[PDB]
Amino acid sequence: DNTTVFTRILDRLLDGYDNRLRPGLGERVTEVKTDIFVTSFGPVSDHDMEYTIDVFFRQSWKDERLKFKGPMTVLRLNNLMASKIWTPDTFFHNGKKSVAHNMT
Amino acid sequence: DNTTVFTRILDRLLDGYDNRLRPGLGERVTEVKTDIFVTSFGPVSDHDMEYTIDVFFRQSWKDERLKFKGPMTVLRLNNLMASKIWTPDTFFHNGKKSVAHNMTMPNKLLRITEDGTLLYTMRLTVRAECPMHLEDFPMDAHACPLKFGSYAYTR
Amino acid sequence: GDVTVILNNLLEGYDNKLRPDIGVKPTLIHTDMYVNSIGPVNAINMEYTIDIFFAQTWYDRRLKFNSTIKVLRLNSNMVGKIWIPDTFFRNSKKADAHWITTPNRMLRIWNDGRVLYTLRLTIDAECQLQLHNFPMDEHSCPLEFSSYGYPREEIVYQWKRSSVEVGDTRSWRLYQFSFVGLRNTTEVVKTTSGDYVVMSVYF
Amino acid sequence: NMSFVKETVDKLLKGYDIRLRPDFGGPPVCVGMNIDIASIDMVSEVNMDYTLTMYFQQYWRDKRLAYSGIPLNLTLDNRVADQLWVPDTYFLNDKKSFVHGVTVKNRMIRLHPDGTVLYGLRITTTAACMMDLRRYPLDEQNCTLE
Amino acid sequence: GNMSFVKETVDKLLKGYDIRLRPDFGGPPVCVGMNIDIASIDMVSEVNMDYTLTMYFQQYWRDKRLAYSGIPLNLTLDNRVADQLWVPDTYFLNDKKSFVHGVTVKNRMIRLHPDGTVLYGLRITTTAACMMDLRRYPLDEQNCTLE
Amino acid sequence: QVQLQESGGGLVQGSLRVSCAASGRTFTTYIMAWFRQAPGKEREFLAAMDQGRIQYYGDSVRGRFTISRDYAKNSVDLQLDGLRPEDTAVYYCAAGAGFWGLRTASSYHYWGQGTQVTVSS
Ligand SMILES: *[C@@H]1O[C@H](CO)[C@@H](O[C@@H]2O[C@H](CO)[C@@H](O[C@@H]3O[C@H](CO[C@H]4O[C@H](CO[C@H]5O[C@H](CO)[C@@H](O)[C@H](O)[C@@H]5O[C@H]5O[C@H](CO)[C@@H](O)[C@H](O)[C@@H]5O)[C@@H](O)[C@H](O[C@H]5O[C@H](CO)[C@@H](O)[C@H](O)[C@@H]5O)[C@@H]4O)[C@@H](O)[C@H](O[C@H]4O[C@H](CO)[C@@H](O)[C@H](O)[C@@H]4O[C@H]4O[C@H](CO)[C@@H](O)[C@H](O)[C@@H]4O[C@H]4O[C@H](CO)[C@@H](O)[C@H](O)[C@@H]4O)[C@@H]3O)[C@H](O)[C@H]2NC(C)=O)[C@H](O)[C@H]1NC(C)=O
Ligand SMILES: *[C@@H]1O[C@H](CO)[C@@H](O[C@@H]2O[C@H](CO)[C@@H](O[C@@H]3O[C@H](CO[C@H]4O[C@H](CO[C@H]5O[C@H](CO)[C@@H](O)[C@H](O)[C@@H]5O)[C@@H](O)[C@H](O)[C@@H]4O)[C@@H](O)[C@H](O[C@H]4O[C@H](CO)[C@@H](O)[C@H](O)[C@@H]4O[C@H]4O[C@H](CO)[C@@H](O)[C@H](O)[C@@H]4O)[C@@H]3O)[C@H](O)[C@H]2NC(C)=O)[C@H](O)[C@H]1NC(C)=O
Ligand SMILES: *[C@@H]1O[C@H](CO)[C@@H](O[C@@H]2O[C@H](CO)[C@@H](O[C@@H]3O[C@H](CO)[C@@H](O)[C@H](O)[C@@H]3O)[C@H](O)[C@H]2NC(C)=O)[C@H](O)[C@H]1NC(C)=O
Ligand SMILES: *[C@@H]1O[C@H](CO)[C@@H](O[C@@H]2O[C@H](CO)[C@@H](O)[C@H](O)[C@H]2NC(C)=O)[C@H](O)[C@H]1NC(C)=O
Ligand SMILES: [Cl-]
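Protein chains in written order, with the deposited numbering: chain A, 10 to 113; chain D, 10 to 164; chain C, 25 to 227; chain B, 8 to 153; chain E, 7 to 153; chain P, 1 to 13, 422 to 529.
Note that these hints are calculated values from the structure, not bench results.
Any given hint might turn out to be false.
[As the list claims (entries may be wrong)] One side only, chain A facing chain E, incomplete, derived with CB under 10 Å:
{"hint": "1", "residue": "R29"}
{"hint": "2", "residue": "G51"}
{"hint": "3", "residue": "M58"}
{"hint": "4", "residue": "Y60"}
{"hint": "5", "residue": "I62"}
{"hint": "6", "residue": "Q68"}
{"hint": "7", "residue": "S92"}
{"hint": "8", "residue": "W95"}
C-beta: ideal position from N, C-alpha, C; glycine also.
Isolated chain A (complex conformation):
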């Protein structure tokens, strides 16, 4: 089947991969290029001095451990792969109680 080559590529990428360590640990600085698309600027609550906002929050960074060669340059993978690799631990300093939507 044509999918076995992509399965092998993913297995090779994840083999010997430690998601606990950031890219370039102890040798360089991880540069995260970030931006936001506000899908809806939510309501403002004066009583709580609060405001809601819905965002596509998208980050990008280079992980040298995850380079590959294959038929297709960009692998649009399932989000389950995100938990299997290192990702930034970004958080909102002035956030009160945020939601990471997971429906469906």
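With chain A fixed as given, assemble chains D, C, B, E and P with the ligands onto it according to the hints.
Okay, now just chains D, C, B, E and P with the ligands, sitting in the frame of chain A:
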């Protein structure tokens, strides 16, 4: 090492241990000694006919399988091992959406004595029913129950 | 132990993804309810609360065992290990099981393969009220349940002889209402996925 | 034969790569959708939203899950969805939603002999609906799910 | 140092590590130093008799099992390693409802040092009970505590 | 007015059943209990039953006498087994909310006429 002996003791204790079966199954009745320390008697909700109560709920029982011999008589262990052993399935008959506190870690403790006597304490906020007579209101008085027992195991 | 080897033998080779009698006959589930309390009727939201002990009995030939022990009186540990029906309440706006101190579930397996599975539930069920005669109005609020995925050819429900039990009915949280009675019904409902056996309890 | 069904399902799930979609390097996967609305509960003007309970069903084809010799539509236990691939569908104007979870997760997986997958979910969702109240209470509102 | 060297060092540290045992199970007590950065106090409620408190809660201890050498820098590890490491079972007695912030991930921090020192940080919002005497209300002072 | 009317036999040589019916109240949330008076003027708690169908029994008569409640009929029954000559006494039916009580007579605000029972060997 100082900790490897305790590691081996715990591994040997959990080796061959089936937590699906109560202690003394087919041999005797499992006797659970219980005590409740109310850290705060929560407010009474007249609208809900309900009251809140914060409790340290302590249960103790014998388990011959968990007998051991070691440097110390009592092993004060992490609460995560409580899931790997049998514990009573106590529940509140008149409870209504109680919560087991989990900040920062699960507020439980488990202690195993050398003779197999387990102590197991939980921190809970129990919300329990309290049916009321409101005919003498506001001169009324009530006796709010707190009833608990095993769910799956009969007498 | 003897029970340990019995349980290991029963679970050996068991596939909890497949219902018993997958390609033989429909699985028959005998359902039973004990109503601890019908909570307040919220006229604003067209809903009412009800707390129940819900019991389901069925037969799994894979769980037959031959031993001097006639019944394995277990706890919630093997509920996720054996096959369980996917019973769900059709008219529930919000429902939840009970988890304090442990999950309020009970499992019993007899030597002939009979499985009894009980659990405590609290359900907020919608009840469309017709308030034309308010405050002299009477309502028949339903509670419907069925199998989410298995149509009538795969799962069939039946009411036991003692279908719905109640305790002290007039000590419930029905402040604005008086419980007159209840009744039980069974029906086949057509959907896109198939035809499903829906069982209803009207209060 | 239930043992035959068991071994067929085990073969289907053996070597299945959940990370990759049904035709990873191939043409796009077509997904049919249909909804059965159970109720619309709280159309709130103050919150600018409405609650919607529904049976949301997705239909697609996965050649990896095709099986033969079993003339049946295998309705599997809902836990197998964790092992199977499913679309990353979401509702853009969602504020708060959940899959109902009593007695179990109200989720359906049904496989067909030709690899077709029917995936059902019972979903309650509070979706945003911004309302124009200039003509209130003689107003006509338009509320959508995206 | 090097990526592979740090990887194998962390693997060695976590190999044979018993999470069930505190760092000196038979030895003297483990000393835990605590710091708080109060991010905000939000809702001092008379009706509910509580206050909401957001904070960065840092715990500081020494697990000799986690000491390492040859890597002269503090290892800030991914927060999922806290589930593998031992941590104190700290709790707030007068808590009513609390959580760790979970966007974009769990706002949790694990930092190891070469001498086996562990820094464990959490961003916690907790609603703590405060029983308030309103006899002099609104000309009253209140003592609200976190335990 | 409300009465707690009793029924049951008076003479035994055995087994017996003593019923106690009530009516005339919207009030339900009461524990219903049985008390005993032997010659000597002392009240002895025998059994009680809750609104949660929980049954409390005295230590002396544990496992011998069984209490039950018909909530629809608003009655409480007591099945007496293993009677002995020392059980001869007058039995009273009580209903009330258990405040400071559930084992003391003072917590029950309703009482019945009482029924005699005697054992002859
Ligand atoms: C969107 O994101 C959401 C957030 O991530 C996400 O929500 C989460 O979804 C997951 C998956 O559905 C939920 O996980 C399940 O939860 C079930 C219990 O649910 C109740 O409890 C949880 C909290 O769970 C703790 O407490 C319960 C009760 O005691 C324990 O059973 C749990 O283990 C767990 O315990 C820890 O925490 C306690 C404090 O909280 C501590 O005291 C304790 O010490 C532990 O540290 C609540 O969150 C639930 O409420 C919420 O969800 C419900 C709907 O589910 C809503 O109605 C409600 O409003 C809330 O939103 C609820 O109160 C678990 O039972 C379940 O795990 C069992 O089944 C899975 C099946 O896959 C097994 O893998 C797993 O191992 C468990 O099975 C074992 O145990 C059971 C029970 O005994 C056995 O029957 C079974 O056979 C099996 O036994 C085996 O293992 C045993 C050891 O584990 C062993 O002893 C046995 O011998 C045997 O070997 C599963 O964890 C999760 O709870 C949701 N919420 C959160 C906050 O995470 C949501 O789904 C996402 N949505 C979408 C669409 O993607
Ligand atoms: C009260 O407080 C306590 C204390 O914190 C809370 O407890 C935490 O609860 C978490 C959720 O239940 C739990 O997280 C899961 O842990 C499981 C552990 O099981 C094993 O698998 C790991 C895997 O090995 C790798 O481990 C690390 C990396 O993670 C490295 O060492 C290596 O890479 C290893 O290879 C083993 O290490 C363990 O020894 C166990 O064998 C995980 O299996 C589980 O995984 C799932 O979630 C992941 C995160 O989303 C996800 O990446 C993974 O794929 C799993 O996904 C689940 O869901 C999908 C979708 O349905 C399904 O397809 C999958 O099959 C799977 O079911 C979790 O990571 C924490 O461990 C636990 N912490 C402690 C200290 O106990 C408790 O929740 C809280 N109560 C509440 C709810 O209030
Ligand atoms: C590994 O972590 C330690 C701890 O953070 C780092 O060392 C610490 O570095 C700080 C900042 O230099 C020191 O603080 C300062 O101490 C002096 C002396 O008391 C004081 O005058 C300053 O005002 C300030 O507080 C701290 O003492 C020092 N302590 C320790 C235990 O080392 C260390 O540099 C890290 N290593 C690497 C290479 O990342
Ligand atoms: C609910 O439905 C069941 C269906 O079986 C009813 O069960 C029968 O009830 C009668 C009257 O009590 C008994 O004589 C039968 O033996 C029961 N079983 C069967 C197989 O017929 C039950 O009574 C119904 N409950 C109601 C109407 O409240
Ligand atoms: Cl009501």
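Hints and how they fare:
1. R29: It holds, given that the least Cβ distance between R29 of chain A and chain E is near 4 Å, below 10 Å.
2. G51: Because about 15 Å separates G51 of chain A from the closest Cβ in chain E, which is outside the 10 Å limit, the hint is violated.
3. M58: 9 Å, holds
4. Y60: 14 Å, violated
5. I62: 12 Å, violated
6. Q68: Where the cut-off is 10 Å and the nearest Cβ of chain E is about 8 Å from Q68 of chain A, the hint holds.
7. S92: 9 Å, holds
8. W95: Because about 7 Å separates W95 of chain A from the closest Cβ in chain E, which is inside the 10 Å limit, the hint holds.
Violated hints, in rising order: 2, 4 and 5; the structure is consistent with all others.
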